[PDB]
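Chain by chain, the residues run as shown.
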Amino acid sequence: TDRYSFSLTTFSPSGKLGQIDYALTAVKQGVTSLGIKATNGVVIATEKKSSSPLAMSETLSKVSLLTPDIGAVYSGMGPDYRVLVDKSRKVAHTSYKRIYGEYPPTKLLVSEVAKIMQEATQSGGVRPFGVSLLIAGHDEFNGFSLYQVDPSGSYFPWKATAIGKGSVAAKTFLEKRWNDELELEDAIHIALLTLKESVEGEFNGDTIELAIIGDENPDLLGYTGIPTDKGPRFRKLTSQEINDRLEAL
Amino acid sequence: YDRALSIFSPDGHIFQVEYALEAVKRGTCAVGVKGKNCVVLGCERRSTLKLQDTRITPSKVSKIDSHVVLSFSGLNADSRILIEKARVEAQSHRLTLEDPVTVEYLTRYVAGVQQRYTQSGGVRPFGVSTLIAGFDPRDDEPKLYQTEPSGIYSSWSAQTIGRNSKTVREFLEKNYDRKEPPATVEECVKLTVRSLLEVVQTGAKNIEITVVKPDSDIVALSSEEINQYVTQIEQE
Amino acid sequence: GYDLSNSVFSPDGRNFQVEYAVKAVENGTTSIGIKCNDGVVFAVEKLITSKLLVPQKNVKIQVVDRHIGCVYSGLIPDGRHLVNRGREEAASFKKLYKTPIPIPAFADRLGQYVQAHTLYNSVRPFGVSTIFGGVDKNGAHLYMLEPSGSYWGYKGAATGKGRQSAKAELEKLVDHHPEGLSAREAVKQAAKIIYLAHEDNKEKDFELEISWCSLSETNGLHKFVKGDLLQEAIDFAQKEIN
Amino acid sequence: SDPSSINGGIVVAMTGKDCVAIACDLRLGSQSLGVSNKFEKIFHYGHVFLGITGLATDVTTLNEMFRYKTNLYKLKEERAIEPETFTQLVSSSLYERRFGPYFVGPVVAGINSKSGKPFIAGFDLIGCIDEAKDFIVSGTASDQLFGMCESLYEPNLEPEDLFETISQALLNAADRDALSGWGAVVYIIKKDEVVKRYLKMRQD
Amino acid sequence: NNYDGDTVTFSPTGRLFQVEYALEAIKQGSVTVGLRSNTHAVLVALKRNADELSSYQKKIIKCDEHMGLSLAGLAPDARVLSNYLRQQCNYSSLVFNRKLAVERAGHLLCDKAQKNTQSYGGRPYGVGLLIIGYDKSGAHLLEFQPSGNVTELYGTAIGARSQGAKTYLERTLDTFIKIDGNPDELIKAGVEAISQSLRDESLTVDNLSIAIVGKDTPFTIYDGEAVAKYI
Amino acid sequence: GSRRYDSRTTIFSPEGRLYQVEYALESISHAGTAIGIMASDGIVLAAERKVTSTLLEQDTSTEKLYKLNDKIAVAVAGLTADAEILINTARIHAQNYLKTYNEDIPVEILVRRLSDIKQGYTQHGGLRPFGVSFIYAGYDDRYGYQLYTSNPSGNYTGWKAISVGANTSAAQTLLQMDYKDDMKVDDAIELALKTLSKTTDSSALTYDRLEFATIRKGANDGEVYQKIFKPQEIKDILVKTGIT
Amino acid sequence: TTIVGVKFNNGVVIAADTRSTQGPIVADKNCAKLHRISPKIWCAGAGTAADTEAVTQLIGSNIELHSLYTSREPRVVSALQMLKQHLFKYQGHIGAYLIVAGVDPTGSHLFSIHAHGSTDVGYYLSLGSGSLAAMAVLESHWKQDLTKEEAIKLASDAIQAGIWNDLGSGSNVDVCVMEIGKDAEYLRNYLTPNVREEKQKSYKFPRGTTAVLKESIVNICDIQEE
Amino acid sequence: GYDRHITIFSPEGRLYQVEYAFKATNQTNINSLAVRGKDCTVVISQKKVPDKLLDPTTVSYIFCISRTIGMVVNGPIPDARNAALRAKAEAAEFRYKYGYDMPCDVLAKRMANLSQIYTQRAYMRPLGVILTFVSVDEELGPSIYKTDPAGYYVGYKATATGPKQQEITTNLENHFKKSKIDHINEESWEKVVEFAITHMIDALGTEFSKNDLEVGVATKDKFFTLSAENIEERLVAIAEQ
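Protein chains in written order, with the deposited numbering: chain b, 2 to 250; chain d, 4 to 239; chain g, 7 to 248; chain j, 2 to 205; chain f, 4 to 234; chain c, 2 to 245; chain i, 30 to 255; chain a, 11 to 251.
Careful, some of the hints might be misleading.
[Unchecked claim] Derived CB-CB ranges, DEER-like:
1. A170/b - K18/j: 52 to 60 Å
2. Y102/c - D220/b: 30 to 38 Å
3. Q241/b - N38/i: 32 to 40 Å
4. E23/c - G124/d: 18 to 26 Å
5. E185/g - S237/a: 39 to 47 Å
6. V196/j - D220/b: 44 to 52 Å
7. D177/f - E185/g: 45 to 53 Å
8. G124/d - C250/i: 52 to 60 Å
9. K232/a - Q241/b: 28 to 36 Å
10. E185/g - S219/a: 16 to 24 Å
11. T180/a - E23/c: 55 to 63 Å
12. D143/d - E23/c: 42 to 50 Å
[Unchecked claim] Away from chain a, derived, C-beta distances all over 10 Å, residues of chain b:
13. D81
14. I117
15. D216
16. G232
No lab work stands behind these hints: they were computed from the structure. Using N, Cα and C, we set each Cβ at its ideal position, and we do this for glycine too.
Model the full assembly from the supplied sequences, consistent with the hints where possible.
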């Protein structure tokens, strides 16, 4: 049968939808991840944790690509994000690659993903996902943007933000380092320095995942010879390069 | 989803019916009196708070036809759905069968909406009681019915539903005859007014009067028209 | 707590609804299966609750395909439905690939099916263990299927109240023939250990049924045992227990 | 027969320098009866203009289709849709129908306010982005237009040289079309203000 | 309310409790007794009126001229099974130009009930059937439990005080099988069998309802002053 | 089971009242204030955010204000997240009216529709309602400017001025005492700001905590031009009314 | 049109023309007929134009997904396989005559695919209406194991022959060279063999040489404050 | 409470129902060990046959999903066959629509999503088995991916499973710290089998037989299983080292 079509999100007798509050707790049990928005790029960073010392963090992806020019990174539950990134990609393709053809604006896509969060707080047999996403991107219309998607199904633009267990400390860190004008390089230094205080293990560049949605790079597209068309503004930094960056904090 | 909200109660009742009738008590209050040449449905309008426009506050009396109206007591949210559904059925009769609707037709239709959600599981019925009033075309007899969210209908010749229906009923016992309605429209209007001034209160602010006369005559009377009648009532 | 559905799980790592279903078959009939070299021999104890019954009319042995024997114990209506589904599976395979389904293939499919009803609170599990086997071009096979959805290879298997009595004798029978043994001789064996597992059913009386699938006699089809061969087996088992 | 060529209709469009122009005839008929001398085929969403040719009913049904979609874009992003993204949209929405497909040709003309450039593109029954920086024509006398346009055109026109050109092309084609004629209107599109000018034309 | 409010939950006793409750409908319910020889089958049912100004209720349903069923439990549950058996029997005549066999119709019925007890929100049917019929194999007499399981007998009973009726049939067991070609004797013996099931429910000529099927006899229900040939 | 894990959430109570709706009104009082006032030249929508953080960008936050169509906008008070779904349903219903009738949707119709969805959640499906309250600014040609407030139960009530969100009591009374029916857009712009500064959840009302928007009939020909002000223009008008 | 694809040991070259005809009417002088299923997987299209363009849009999305899922270079035959199945159930009512080219870490590849859902391999393939004219010239000069430069030429010349003996082929010849283990090199307008001859006088007129009926202004630049 | 009975969060943000799924793979007492060789990937795993009356040849914890990808399962056997089936369907699926055999990486990711979907419903029981996929791919080289009930997966240099798998893990970690590369060097896959056995014997403290082991080997473009005889050959070669 099917008798689970009663929502598993409810209100509490003291107001405040209780289920999404619990789901927001799981983010404070999650890993720390942060995004600093520059005025000529965006940087996102997260820490890799595994349950084994024989585990490969070379086939572990916590920063994932949605479209060349837009990246995402989570804090919270792994499994939840693993399915949710696939649904983000799927709606972006079915509604903006088969209808509007080109890669969406950042603002558009953020709204669309928040609708799926919303539709896991409406129906039975589904309770919501317990991660928060930072979706960094650039469109040529609204410029650089950094957004944060809630487990409530809302979005917020931020100037700089963190999510994870060390989020509260991190936004206090960013207060004094932040400035309305930043370079992309300086952003890298600020981002990794804040995340060093939100990791209580050892802080390597082999176990720290770095990505920029900063400079275009054409040769990562797959072809060259038309410069009006580029390749990905997303660019993941390999490990040895990140090690160079640890020295640049 | 089919996990019932309608579940048999140990008294030969259903939880959702009993609750629906509670919601009718707690809600707006409608009085219906029929003359020999009219129906009057008056209902509590909710505008008690100060600085409200009453052209965009919910209609408590809605015309379904050119001579059949629908009034209600109970919740104010559950009721709009039924208004919309009644209109469709009226237009359907007129499309496929012909003949501006009869009041009786619509009385049974509204009760037939109540029965579905009671007897089915996974749904709950509307907490709305209705006064269905009007005329049959080609007949000059006015007709006053009530339906309640149980799905029952009964004819009356005066009726009240909603808050303090006991109070309103007792007033109408001495000043109304079951076998001789009013013979004048103005007296039917004034009798419905006198009942609403018991519970509702506070002038003619929250009073409504809709009048239907035969020949397909619907008029709505604004509150300022009702003031004039009220002063005569007090003087008397 | 943890005893109200089949999609709770305990901190112990145990599902009790599912475990509890094995107890259903434990109050069922005794049924045995001897894995041979040429085939398989099933036998099933049929309890007699009165003498108004008509013996060898009340079937627990249903054939699935033209070559797979199935006999089951536990809650009877449930087991008849499990066989019901499996006949549909037989026809489907035949339709697409134009050959009768193999013995391992059938075992596979039933395992999936019994899995499905312990994964939802909207269907009820089964209450039967089934014993089935046969001959195909990969050889003779024997399988027992739990209501958990578990099966294995089986040299010999049993279930029912007297599964203990049965299995103890099967161990000794592999001592007698560590090279396995012939189907034809295993008919007499099959009776023997139901009589031994009727010493746990010794406040009742019984009817013996035997069925076989063997490549050396019946040309690899599943048939019943009856007539002269049957009464030879009945006589054998009697004298031994007397 | 074929439904496109019942009412007729032509649309002509030409690029200039940091401007575009789109123009149409006003004739909408059913078959040999001329019905209306007062109808436009040019619509606008934002600052992008859509001229549509072919079958009458599908002219109007697509007008409404695109109005739903371009409202969405706007209310979202708080601004006007770009000519390039409107191109992509038009293509896909034609392909939605394959059985009883569309029997039109839309024409997209605007100015990209992102690089200052003229953009036009063309479409036929089901799609096919027609890229040009010269002119795109469509409709039933598309041949008459194609010839006329090539000869008069010179790369890079000023907005008034451009008015002259597109007008001449339209007139002679429309009076050499049986299903066009009745009046004409030309939008000359600059990026700050658009002038809409009716042409005096033979009544035919 | 753990395992008795759900129809999907086991039970380390290897039960579903609902089935036992559905078998208690038979104790409160009517009684009917079947017995067969090798050439005829017979049902003797105790009809019961609602009061004395009520006609007594028919308890035997004719499914075909070679088949009949009788209830002892809830009537609305019996209404589903009567339709189903008729449907399958007519289907057998249409498709295979066959009578439908007795054993086989029981098997179809068994697996039907099972998948409505499987589905959550369902119910096990609380009516027990005796299904009689005459096919090529001769007579058959099946007992149908609320479990759904079918059993083959020469004589069986269900309902209230069915236990005494099986005593009676086990004693006359070798008598009525070695009477063949006379359906009459079986009916007399069946009256005696259901008299071991009375509680001052008396047997009259309008309480007694007989149904037979033979090789040469259609399915026929005797009622009226025509059951007083066997009293 | 499946009836074993449901306690029945969306039935009536013994006062005829839906558990979930009553809880919802409380959760909307947690969320920031939003006030609507109707001038005889316009409607002013003014909203205070429910979140203001250390480094929250609120300079482009369009997270309370949404244009449903080019004459109807809403102010949001409640869960921003919950509100999303109905905001886009409303866009679709509005565009549909334009598509088939070649005319802009009346305010009445659009609100009545959304209310039906809310009513629909407790009517069927076992589903909860969205804990949202909306204040609608809308223009039509039949009642002119219309002002509406809607609640999570699915009912609409007209107003001349109304408040939702946090501290509705205080705000409502002050609005009654100070509002006159001959006010302008200028007057209403100042009245809204003063009311929001008596209900500010901090100790001061700041330009980046204000979203401010108007629908004005000063645009030519009597057309209504909706304006969602830039963050420098809100700061501009807030020093004018003399809060900061 | 004409599309040539020449496979050789070290890579593959796909070349096409830029003349877009609808009917005998030339839709476009210039148009890019090289399309992108994926950034390494280029094709060009002949036959009807809308159908080629649509199906490469549709399969471009599916492949783009797949490329993200593996996070590495998409295989050519993935595109091949998906096109084939798609077209097969329409039974070729969708006219796509594609030459599908691409490189990947299991070698150089070159395929053709028809409307019905037929696929061929070859070390060179040609499709469209001008395929025939291209063929001849290729088969004389072609060798096993061409140089990349040599292959460039031979491709461009084959399209050139299309211009001269086919009426769907014309204006510009573009080439894309895809080599294993590098980036695809898009050589737009590699050979421009035809200019519009010069005219002898310019076509200006003074104003109002066309009559004008009336005029109005029409504003889209925004909406209005007061 | 009842956030521990269905998969809905607690005031910690934790799904207790999901955590329990891990706790059941110790109940069959099966250990596995899988290491990447030089040109192969070897997985050796326990085989429990507690009786005669179980036929040992049939007792298999090794299911071939692809031609090239083996799967070894630790935990309850119903869920093992269920998981194997889903995975087999999906592998075939991808071969049909993408024109090559499904990558090991992508198959691991696939089962991770499906696992998450079984914890997304509130009446679906997570599949409690822990799955090891071993392959030699032509793009990723030797690979091990271990997926788990929650729907988390990550690549692996080597891995172990079972109630006693900490000990095994300790051994392997130390080996790759001396060697300083992520795969064992040798050059005959046979000797990588032998090495794997030695570490296993050290870890669990018990020497194994040819019917206490069942061995699977993936070389290039292939997966097969060793028979019980081949395994006895290896145990002689322990003597020979």
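(message) Of all the hints numbered above, which does this structure not satisfy? Sort the numbers upward.
(response) 2, 5, 13
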